[PDB]
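Participant: Given next are the chains, with one letter for each unit.
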Amino acid sequence: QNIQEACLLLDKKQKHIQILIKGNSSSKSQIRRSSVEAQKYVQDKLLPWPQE
Amino acid sequence: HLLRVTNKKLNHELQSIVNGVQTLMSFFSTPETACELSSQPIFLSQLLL
Amino acid sequence: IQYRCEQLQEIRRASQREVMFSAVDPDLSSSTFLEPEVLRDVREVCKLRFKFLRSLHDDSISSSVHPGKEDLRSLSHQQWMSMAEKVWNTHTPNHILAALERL
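Chains as they are written, first to last, in the deposited numbering: chain A, 411 to 462; chain B, 151 to 199; chain C, 155 to 257.
Be a bit skeptical, because a hint or two may be false.
Said to hold, decoys possible - Which chain B residues face chain A? A few, computed with CB under 7 Å, are given here: (1) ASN169; (2) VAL171; (3) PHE178; (4) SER195; (5) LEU198.
Claimed, not checked - SDA-like, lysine to any residue: derived pairs with alpha carbons at most 20 Å apart: (6) A/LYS438 with C/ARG256; (7) A/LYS432 with A/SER444; (8) A/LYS423 with C/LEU210; (9) A/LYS422 with C/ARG256; (10) A/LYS432 with C/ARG208; (11) C/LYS240 with B/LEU197; (12) A/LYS423 with C/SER217; (13) A/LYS450 with B/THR183; (14) C/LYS205 with A/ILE429; (15) A/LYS425 with C/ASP212; (16) A/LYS425 with C/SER217; (17) A/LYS438 with C/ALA238; (18) A/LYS425 with C/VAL199; (19) C/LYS201 with C/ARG227; (20) A/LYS438 with C/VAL199; (21) C/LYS205 with A/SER437; (22) A/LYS423 with C/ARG208; (23) A/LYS450 with B/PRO181.
To be verified - Just a sample of chain B residues kept apart from chain A, beta carbon distances all over 10 Å, derived: (24) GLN165; (25) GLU182; (26) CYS185.
Since the hints were made in silico from the structure, they are not lab data. Every residue gets a Cβ at the ideal spot worked out from N, C-alpha and C, and that includes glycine.
Use the sequences and the hints to build the structure in full.
Facilitator: Listed below in structure tokens is the structure:
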């Protein structure tokens, strides 16, 4: 039973490792998107004010 | 004569605002050309992660 | 407007300050080299978040959904946010990124 439980325990640790790996890959893409969004805001909304 | 002084003061303040805003905007302009060593990115959006 | 320019100029000046990170020579046990404040602050803030994430991870594996552990989680997130914000206000973004590279 212990082996089965611990086999299941290992399965849980592996299923979690899979989720974390997927989660960290998504965060990397989100950071890249946030950097572009901030740059786009400065170019489209702030830089045009000095001329006005 | 008083209105001429006041007019100079008002022109100065208007120019100060123009200079102030130009200075302020210089902080937001990304130095395209790698070369210029000097302008250290102030913002993390400009940070080269 | 002048007040704002002064604030951004102060941040630029702070960003030009080279933060020296000590070379990880493995062997060399002891030398007590002092850890830069930015690296300390960033490490602490990252540790605090790590503990928080680890706690969520442990709870997911031990099926014992103890129903009382949510209020403590929030407080811990807020604490992290506040601390994180403080870090972003106290140090320059280039220094914070450098600290993250080193970590």
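Participant: Against this structure, judge whether each hint is valid.
Facilitator: How the hints compare with the structure:
1. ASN169: 10 Å, violated
2. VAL171: Because about 5 Å separates B/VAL171 from the closest Cβ in chain A, which is inside the 7 Å limit, the hint holds.
3. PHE178: The hint holds - B/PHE178 has a Cβ within 7 Å of chain A, the shortest such distance being about 5 Å.
4. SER195: Given a least distance of 4 Å, the restraint on B/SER195 holds.
5. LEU198: The hint is violated - B/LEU198 has no Cβ within 7 Å of chain A, the shortest such distance being about 10 Å.
6. A/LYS438 with C/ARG256: 18 Å, holds
7. A/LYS432 with A/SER444: 19 Å, holds
8. A/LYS423 with C/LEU210: Within the cut-off at roughly 13 Å; holds.
9. A/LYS422 with C/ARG256: Not satisfied, since the Cα-Cα distance of roughly 32 Å exceeds 20 Å.
10. A/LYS432 with C/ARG208: 17 Å, holds
11. C/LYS240 with B/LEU197: 19 Å, holds
12. A/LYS423 with C/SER217: 13 Å, holds
13. A/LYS450 with B/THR183: 19 Å, holds
14. C/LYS205 with A/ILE429: Holds - the C-alpha atoms of A/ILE429 and C/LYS205 are around 18 Å apart, at most 20 Å.
15. A/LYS425 with C/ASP212: 13 Å, holds
16. A/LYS425 with C/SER217: Status holds; Cα separation ~14 Å.
17. A/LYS438 with C/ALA238: Holds, at about 19 Å.
18. A/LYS425 with C/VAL199: Cα-Cα ~27 Å, so violated.
19. C/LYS201 with C/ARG227: 15 Å, holds
20. A/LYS438 with C/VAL199: 19 Å, holds
21. C/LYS205 with A/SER437: It holds: about 19 Å lies between the C-alpha atoms, which stays within 20 Å.
22. A/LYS423 with C/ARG208: Holds, at roughly 12 Å.
23. A/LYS450 with B/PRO181: 15 Å, holds
24. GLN165: 13 Å, holds
25. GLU182: At roughly 12 Å from the nearest Cβ of chain A, B/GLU182 sits farther out than 10 Å, so the non-interface label holds.
26. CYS185: 20 Å, holds
Checked against the numbered hints given earlier, the structure breaks hints 1, 5, 9, 18 and satisfies all the rest.
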